[PDB]
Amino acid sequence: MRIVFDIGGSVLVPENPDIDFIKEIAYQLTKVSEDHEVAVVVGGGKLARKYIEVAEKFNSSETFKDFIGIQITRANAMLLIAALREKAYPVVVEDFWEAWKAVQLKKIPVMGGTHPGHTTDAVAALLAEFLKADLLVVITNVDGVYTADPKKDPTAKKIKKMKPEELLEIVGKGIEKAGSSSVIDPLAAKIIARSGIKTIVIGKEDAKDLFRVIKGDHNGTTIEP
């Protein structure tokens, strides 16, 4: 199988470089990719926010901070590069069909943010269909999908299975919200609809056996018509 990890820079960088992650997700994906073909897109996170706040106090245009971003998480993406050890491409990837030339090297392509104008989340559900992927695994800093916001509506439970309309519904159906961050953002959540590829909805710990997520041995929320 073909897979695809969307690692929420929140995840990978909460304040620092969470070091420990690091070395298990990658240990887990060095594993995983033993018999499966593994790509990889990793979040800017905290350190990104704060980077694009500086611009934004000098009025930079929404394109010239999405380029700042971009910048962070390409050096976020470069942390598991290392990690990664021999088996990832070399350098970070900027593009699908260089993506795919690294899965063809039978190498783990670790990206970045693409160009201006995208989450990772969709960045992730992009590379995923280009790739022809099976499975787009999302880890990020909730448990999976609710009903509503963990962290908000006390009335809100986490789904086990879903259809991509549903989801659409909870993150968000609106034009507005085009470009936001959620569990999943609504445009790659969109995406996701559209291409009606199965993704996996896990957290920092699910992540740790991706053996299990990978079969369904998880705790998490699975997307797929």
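In this text, the rigid core denotes the largest set of C-alpha atoms whose superposition between the two forms falls within 1.5 Å. Positions refer to the first chain, counted from 1. First, how it differs from the form deposited in another entry.
The only C-alpha among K173, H36, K31, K163 that moves by 2 Å or more between these two forms, given a superposition on the rigid core, is that of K173.
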The other form holds:
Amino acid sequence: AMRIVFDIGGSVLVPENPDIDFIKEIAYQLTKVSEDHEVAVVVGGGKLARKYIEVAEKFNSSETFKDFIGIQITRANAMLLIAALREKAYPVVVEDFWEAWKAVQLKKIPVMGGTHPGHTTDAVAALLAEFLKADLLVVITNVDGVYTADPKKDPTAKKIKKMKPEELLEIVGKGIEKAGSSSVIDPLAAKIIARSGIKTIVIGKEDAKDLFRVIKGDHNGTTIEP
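To complete the pair, please output the form deposited in another entry; the form deposited in one PDB entry was given just before.
Next comes a single chain, given without company.
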């Protein structure tokens, strides 16, 4: 009954290597969810992308060129999902929004990676959600939600349950994102979510193992909403 965009982190799909079972599992659920909803997906780069970006840095590449290498990896990861989605997926990695649109019209799941430098795949997901006028944006990261601070660094981090887009920006928004930089949601994405008021859900791997219920409201993550 609705349109949903999924932003799956590269480190979730590829922790250090591919998590075969998670991919097979996540691909199965997206397929099921697409049985009654319009589904579009964006995959991240993760550990592997940072390794290639670190190499380029050793050669002093510009931050723009590293972004491109990062983009190249995200597309590689995206192809692993497309593979696991079998015939329900759009064969090739989508590179622009209009094409994602066509895939949806053909009732096939479009899987895309990065687009242009200056941001992360989160921003791609947000803009996609916005372009398709999606009803839900599901961000699957390697943290169970959005906290008061970095849950892996701070001990007093509070896992916010609900919040406004303006509140999400306060958390991030002021971050100077370098090629390889990581966050729950990149500053640009936050601004896009706030900009047009995109209902957004942030969840971890554990909760991501039950998407069908997650998109029903039953999950233990954060819910950014106007």
